[PDB]
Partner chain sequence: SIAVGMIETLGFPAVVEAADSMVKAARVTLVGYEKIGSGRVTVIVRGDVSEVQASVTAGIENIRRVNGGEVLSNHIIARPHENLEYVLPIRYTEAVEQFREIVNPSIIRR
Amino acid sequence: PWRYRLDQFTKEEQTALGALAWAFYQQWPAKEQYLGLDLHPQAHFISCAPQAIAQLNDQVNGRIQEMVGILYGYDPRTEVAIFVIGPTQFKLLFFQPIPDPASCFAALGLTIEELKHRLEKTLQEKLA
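Output only this chain's structure, taking the form deposited without its partner chain.
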């Protein structure tokens, strides 16, 4: 069950996802881009524009409206919001890591590339 696997992935890799989210927030401080995750054909992080997400919600007739609100409204300084494109539907990873995303980035010491590379391999292994 891919949705369940993502939920466990969020808990198991809470720190690394906090670090990746913080680095992405620094690159896009005005939330011009949302951190994305496409599972097809392989799990890899992407960048989603709010226009693209709005169009995606139009294609589904408002069924991901609450994801659009959370993406608009979430606070990157404490909250992680990752948009996941699944094979059957969309999923939003929404949580507050402990410690805060900036502290996660500081504790790990990894760059954004090493964070994506480490996390994508881990997620790909869990999905199969």
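Now the other one: the form solved in complex with its partner chain, given that the block above is the form deposited without its partner chain.
Just this one chain is shown here; partners and other molecules are left out.
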């Protein structure tokens, strides 16, 4: 049931995820890295270069080209985009939060180390 647990974690942690996205957006202002989420051992966030998500789309012959179009064009100041690696699957954590991710990081007052730790802790427990 890993797919539905990611839908709950997205709408419940709407402010926290926007805070982590805005903190990751300041790490790479030119969007030269994409905030990911790997589930091979435990639920942990990752990052990849744009050429990584592009050569993967070429290797699958355009199977995931829509996801590439979302990661390449989403506005980091108003939208959150996190790709999830699944067993031959990919799921986008794509949502527009209220307030914007700039305000979520400010209204929450949590560093990027504690944002990534709590969110990984919240997702590891939600999967059960």
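In this text, rigid core is short for the largest set of C-alphas that superpose within 1.5 Å between two forms. Residues that one form lacks are left out of the comparison. Numbering follows the first chain given and starts at 1.
Undergrad: Superposing the core, which one of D75, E66, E32, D58 shows a C-alpha shift reaching 2 Å or more between the two forms?
TA: Among the listed residues, the one whose C-alpha moves by 2 Å or more is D58.
Undergrad: For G86, tell me the Cα shift between the two forms once the rigid core is superposed, in Å to one decimal.
TA: Rounded to one decimal, the shift is 1.7 Å.
Undergrad: So if we fit the rigid core, how much does the CA of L6 shift between the two forms, in Å?
TA: With the cores aligned, its C-alpha sits 0.4 Å away.
Undergrad: Given a rigid core superposition, which stretches of at least 3 residues have all Cα atoms displaced by 2 Å or more between the two forms?
TA: Segment displaced between the two forms after core fit: 58 to 61 only.
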